[PDB]
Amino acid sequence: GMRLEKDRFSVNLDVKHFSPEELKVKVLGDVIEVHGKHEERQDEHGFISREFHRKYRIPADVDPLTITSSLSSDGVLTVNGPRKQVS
């Protein structure tokens, strides 16, 4: 899920049933959305679909342009961004 920490915002989600092309991480203003949709036409007789949609608020001290995302081999999606810190 979402974890706000002293020096970063991060979201970690299980997305093992989705290929990278089936995932979308949208950052617009101070909102992050994560979406996934996976469909299988198993056969002549039908299909299965699964999907998810999540939305989170980015704290004001995270520049949304600094948000990035990566996907691990075991299917965990991480979205993260640094918070402004003292120099």
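Under this definition, the rigid core comprises the largest set of C-alpha atoms superposing within 1.5 Å between the forms. Numbering follows the first chain given and starts at 1. What changes on going to the form deposited in another entry:
- A displacement of less than 2 angstroms separates the C-alpha positions of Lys37 between these two forms, with the rigid core held in common.
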Second form
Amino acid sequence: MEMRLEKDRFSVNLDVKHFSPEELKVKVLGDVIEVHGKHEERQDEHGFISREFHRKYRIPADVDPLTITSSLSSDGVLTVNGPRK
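Now that we've seen the form deposited in one PDB entry, could you pull up the form deposited in another entry?
Only one chain is given; partner chains and other molecules are left out.
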């Protein structure tokens, strides 16, 4: 989804609306953001549906991995951002 990349900050948004908050996990492992989402079989509008996904982003060169923050909204936007130095 959306992404901001300015001189000072970066921002990455994801549509994770099919996942509840216990079903998502953000890890900074080195110079990589990992987003993981897993959800077991469950009824929905058309039938039954399980889902899994695993995403990796490279951290911009001028981003200390230790200053990266995460946020989760109720309607399902997951954001990762960071200052740049």
